[PDB]
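J.: Spelled out from the first residue to the last, the chains are:
Number of protein chains: 4
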Amino acid sequence: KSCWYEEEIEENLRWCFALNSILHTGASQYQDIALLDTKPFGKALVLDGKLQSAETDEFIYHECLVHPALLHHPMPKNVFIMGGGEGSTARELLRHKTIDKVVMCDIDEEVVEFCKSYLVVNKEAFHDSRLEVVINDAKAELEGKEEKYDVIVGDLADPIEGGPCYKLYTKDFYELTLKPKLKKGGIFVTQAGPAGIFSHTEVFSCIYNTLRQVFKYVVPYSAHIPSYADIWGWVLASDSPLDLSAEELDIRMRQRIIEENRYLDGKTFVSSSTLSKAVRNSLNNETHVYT
Amino acid sequence: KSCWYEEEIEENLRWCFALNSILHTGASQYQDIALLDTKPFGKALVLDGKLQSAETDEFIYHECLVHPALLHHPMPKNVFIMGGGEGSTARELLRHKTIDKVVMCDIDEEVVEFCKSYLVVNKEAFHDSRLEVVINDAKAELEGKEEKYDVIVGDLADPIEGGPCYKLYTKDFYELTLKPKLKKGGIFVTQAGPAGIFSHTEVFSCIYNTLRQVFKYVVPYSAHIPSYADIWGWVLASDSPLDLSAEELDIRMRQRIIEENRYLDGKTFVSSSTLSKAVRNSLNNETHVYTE
Amino acid sequence: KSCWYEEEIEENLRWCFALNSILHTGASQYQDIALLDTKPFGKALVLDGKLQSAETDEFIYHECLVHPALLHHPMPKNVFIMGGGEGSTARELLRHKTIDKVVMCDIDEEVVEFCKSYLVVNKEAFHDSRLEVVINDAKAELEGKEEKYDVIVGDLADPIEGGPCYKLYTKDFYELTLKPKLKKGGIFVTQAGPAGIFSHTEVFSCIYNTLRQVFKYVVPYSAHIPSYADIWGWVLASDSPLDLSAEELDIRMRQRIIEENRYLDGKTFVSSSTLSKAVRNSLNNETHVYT
Amino acid sequence: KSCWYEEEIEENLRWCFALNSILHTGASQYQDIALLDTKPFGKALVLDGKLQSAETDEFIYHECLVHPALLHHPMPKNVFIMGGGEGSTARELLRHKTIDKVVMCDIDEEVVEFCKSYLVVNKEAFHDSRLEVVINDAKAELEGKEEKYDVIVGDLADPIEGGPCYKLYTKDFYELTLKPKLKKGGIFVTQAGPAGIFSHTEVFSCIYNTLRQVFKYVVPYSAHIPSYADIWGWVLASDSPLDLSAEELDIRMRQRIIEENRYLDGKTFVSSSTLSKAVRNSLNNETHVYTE
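Residue numbers (UniProt numbering), protein chains in the order written: chain A, 24 to 314; chain B, 24 to 315; chain C, 24 to 314; chain D, 24 to 315.
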């Protein structure tokens with residue numbers, strides 16, 4: 024009961040967890056880095072004072088982020104990650120038998136090196152041949168190269184007003200930069216911020232509405248992540264249908280993904296993509312489009 | 024930015040809400056009773072230090088507790104609430120036009136009288152001619168009367184041994200005391216503790232497993248409640264099937280409930296009753312049964 | 024263990040007390056006002072988020088503030104309070120059989136009315152004929168009037184850089200404004216901020232050194248105030264000696280002050296005015312003078 | 024601005040220090056042992072959740088605990104420490120050139136070995152040829168040997184009934200066990216718990232009163248320790264007078280102690296031994312005596 028880390032989740036809400044230790048600390052020109060050893064969530068990565076992942080339940084976030092998008096692809100071969108310097112998004116992709124190239128594109132070199140050093144769970148992932156790490160802004164990287172991708176995975180910080188990841192959620196970026204870099208039948212997926220009954224109105228609905236204005240087929244979904252103190256959201260978007268039964272999803276999982284999933288099976292994702300009445304109404308009637 | 028209500032959700036985990044006011048603090052012998060005005064969640068009812076009800080989202084808990092059971096029933100007319108002293112369970116039940124009688128059986132008259140005066144959202148419910156309030160242990164009340172119900176709602180605290188509420192979750196209780204007091208097609212629903220990816224193993228899986236020893240059809244389901252900082256769980260149980268589509272649930276809601284639900288539609292319930300892989304696997308392989 | 028008020032004492036130090044209730048709240052154009060009912064200290068007056076007094080131990084602060092200065096006076100008749108809108112400084116003065124006029128000069132009208140309404144302990148003091156309340160800046164009040172005072176009591180907020188009470192601690196203010204308004208044999212006393220082993224270097228030593236450059240006879244003293252989470256300091260300053268035995272102080276107390284003191288007797292003040300080695304060395308060798 | 028060490032000074036009062044690091048956490052069967060690097064107070068030794076020693080101001084506690092007793096003694100040559108496993112009491116005692124032997128008797132070898140390696144400020148003290156470390160209950164040790172001391176230093180935890188340290192504050196202990204082991208002119212000093220205007224009534228006044236039943240001259244005294252968020256108290260006791268002026272204390276400090284004290288001079292001690300009116304009146308009228 025003596026040592027605590029404190030997180031301001033909202034203006035009037037704090038989330039405190041007891042600490043075993045402060046394990047490692049780095050920093051870039053971009054942000055403060057810390058790896059805490061927490062009692063309730065194990066090793067916790069804190070970036071600029073915000074918890075970004077925790078050892079006990081990061082598998083939920085990263086299984087939800089990655090596996091729905093590639094399972095709805097018939098044959099996802101190359102995948103570009105915006106963000107995801109932690110290595111866990113790459114880890115989950117690399118268990119798919121169909122990728123021949125994961126590029127992880129994080130602008131913060133020091134975050135990648137830190138997590139490559141200290142997250143035991145991803146060093147098999149980091150030392151994988153299919154994996155290429157690029158230090159650059161994601162839009163700058165995509166505009167400059169011309170190689171189109173089967174799947175693009177958005178694993179950035181939330182689009183807070185005045186940050187630099189904001190422009191990577193804009194309607195003009197999807198339509199003019201990202202989608203031209205999708206192969207025919209490609210699939211985009213992005214994390215989409217909090218998806219609680221009230222918190223989904225911050226960014227989750229706006230990212231849904233924005234992707235509605237670029238792709239014909241958009242599916243939002245969400246799942247509780249305990250260490251984030253909220254339901255968290257993701258959005259899929261493609262121009263080919265993303266409609267698979269739970270049974271087909273289970274079939275494709277036991278065929279393309281090495282090892283058994285800890286959190287996600289077909290029925291989990293069916294349930295995940297059935298938002299609640301209020302969240303569904305809010306999403307289906309949102310107007311704002313990030314320009 | 025200086026006054027806070029703190030709750031230890033877990034002994035190593037704290038959830039803190041900024042405070043506007045402390046509207047009342049007091050106590051019975053059963054529990055301390057506080058009503059707080061919080062900035063994130065509005066007025067919050069705290070019993071023995073544990074938030075039980077927040078103004079901004081208690082509708083989620085109460086709609087989930089109540090509606091699924093009633094909607095599944097062919098025509099629910101009389102209901103017994105084990106607990107429910109805050110008035111919000113009764114309030115949601117009284118939204119159903121098919122209901123003719125609600126009996127609220129809470130052991131702590133202090134809680135009942137406090138909420139009757141201070142939880143004004145429940146005022147019309149407390150004054151509804153169909154509601155009867157009984158101050159008794161629920162088990163004693165149900166054994167003391169030979170009356171049966173179409174639905175019995177468990178709205179008690181989480182089972183911890185030695186508490187007055189533990190015995191209301193045992194196999195023996197469900198089978199020798201509760202089930203005899205359900206009419207044909209009758210449905211039992213109880214709150215079933217936290218149901219998060221790890222917290223569900225405390226009581227949720229055991230309550231599911233226990234009811235599975237007693238009732239033909241047992242349906243667990245869960246939903247996020249922000250003020251609880253967790254997924255919360257409930258369990259339906261009946262000897263008649265519990266098997267309606269989202270569309271059939273919705274037609275019934277439009278026909279039987281006055282006003283629109285704020286949280287629950289038929290698709291929400293189907294989603295809620297589809298648990299995640301690990302939670303499903305846990306409840307499937309669960310071994311423990313509650314007993315005395 | 025559930026409701027807490029939190030005070031940042033220093034940058035890295037917080038001081039939290041459990042709450043029975045938030046009793047009353049006002050505000051002026053100048054500051055936020057709150058009266059909390061706290062478990063460890065009872066009713067607590069919080070001004071702009073800082074605890075300024077608490078019911079359990081305010082008697083220590085106000086007995087220490089007031090009684091040493093007037094006891095070293097042979098016959099203190101009129102007394103001007105800078106600040107002290109709480110009423111407690113006036114309360115303690117009014118138990119002296121020798122004052123014929125206490126003027127309390129606080130710039131915040133709403134603070135005076137609030138404490139006059141809600142501090143039960145001072146409404147006998149507030150409805151006392153000898154007591155005159157003036158709403159004005161203290162320097163403006165003193166410059167404009169020409170009536171000289173036996174004693175002037177500094178009961179302001181600490182001289183934080185950039186506030187408006189800072190100039191009321193300057194060497195030019197003592198020499199050119201305050202002291203001309205002292206009668207012959209007059210005595211000034213001011214609260215002097217924290218007086219802990221390390222915290223005394225914030226302002227306590229600077230106020231001592233400043234008053235050394237205006238009055239011939241200056242005595243600093245301090246006492247623990249539990250609700251302030253620190254030793255607190257006061258300074259006396261006169262041009263006549265302030266040297267009385269503990270026995271004479273006890274004599275003068277049982278003769279001039281109605282009722283028995285709760286905290287302060289002669290020996291207490293002797294001990295109070297014997298600072299510790301490090302605080303004494305720091306004070307006796309400080310250079311900065313508030314100009 | 025995000026990592027904090029929290030301590031409940033009182034059950035309704037919390038004192039929180041911002042953290043740099045947690046250098047070690049561990050435990051013996053007697054207590055949990057933690058060493059924290061805090062921003063306000065530097066490295067802090069926490070035993071069973073209670074801060075016992077902070078780097079920025081432990082000198083206050085240890086100088087006050089040790090020096091007055093030794094300075095009052097005509098020539099203190101051998102000293103027994105009840106407790107003192109952190110090494111800082113020994114360190115201050117070994118600053119006196121008149122000292123020939125220090126025996127540190129702590130019940131928890133875990134604490135001793137931990138501080139020996141991690142409290143480097145005490146390293147030379149731990150390696151001083153005049154120090155002997157004994158791992159035993161202090162009462163058992165003192166009864167087990169017929170050796171007397173010029174000074175005995177009580178550096179144990181505050182007396183709470185049932186603890187292994189309560190019996191080291193009883194009248195019987197002081198009179199039948201401790202006093203026989205003091206040489207002529209011998210002086211006993213113990214830490215005596217909080218001594219604030221209200222907190223002094225917990226143990227401070229009782230310890231004073233107890234010693235007053237056993238020793239001719241009993242001198243209580245106190246001093247603020249910021250990391251403790253309170254005034255802390257100590258009590259001198261002897262059957263020879265304890266009556267030196269501030270100037271005589273200072274001459275002795277210059278003659279007997281190597282290096283300059285950071286907190287304590289003769290005037291500081293006289294001030295410390297002049298208690299406030301309410302604390303004086305409380306200790307004067309105190310009735311309770313510790314017993315078994």
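Since the hints were derived computationally from the structure, they do not count as laboratory data.
In this text, a Cβ means the ideal position worked out from N, Cα and C, and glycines have one as well.
Don't take each hint at face value.
Covered, in the sense of this in silico footprint (three residues per stretch, anywhere, with C-beta under 8 Å from a C-beta of chain B), are these stretches of chain A [what the hints assert, rightly or not]: (1) 219-228; (2) 245-253.
DSS-like, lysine-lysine: derived pairs with alpha carbons at most 27 Å apart [unchecked claim]: (3) C:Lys290 <-> B:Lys66; (4) B:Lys239 <-> A:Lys62; (5) B:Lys171 <-> B:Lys66; (6) B:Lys73 <-> C:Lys24; (7) A:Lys62 <-> D:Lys239; (8) A:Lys62 <-> D:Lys62; (9) D:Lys239 <-> C:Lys290.
Non-contacting residues of chain D with respect to chain A, defined by C-beta distances greater than 12 Å in every case (computed) [what the hints assert, rightly or not]: (10) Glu31; (11) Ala57; (12) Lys73; (13) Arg118; (14) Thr310.
J.: With reference to the structure, classify each hint as holding or not holding.
T.: Structure-based check of all given hints:
no.: 1; hint: 219-228; in the structure: holds (count 4)
no.: 2; hint: 245-253; in the structure: holds (count 5)
no.: 3; hint: C:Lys290 <-> B:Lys66; in the structure: violated (52 Å)
no.: 4; hint: B:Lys239 <-> A:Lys62; in the structure: violated (40 Å)
no.: 5; hint: B:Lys171 <-> B:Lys66; in the structure: violated (36 Å)
no.: 6; hint: B:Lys73 <-> C:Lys24; in the structure: holds (11 Å)
no.: 7; hint: A:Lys62 <-> D:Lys239; in the structure: violated (53 Å)
no.: 8; hint: A:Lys62 <-> D:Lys62; in the structure: holds (22 Å)
no.: 9; hint: D:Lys239 <-> C:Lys290; in the structure: holds (23 Å)
no.: 10; hint: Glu31; in the structure: violated (8 Å)
no.: 11; hint: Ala57; in the structure: violated (7 Å)
no.: 12; hint: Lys73; in the structure: violated (9 Å)
no.: 13; hint: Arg118; in the structure: holds (32 Å)
no.: 14; hint: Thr310; in the structure: holds (36 Å)
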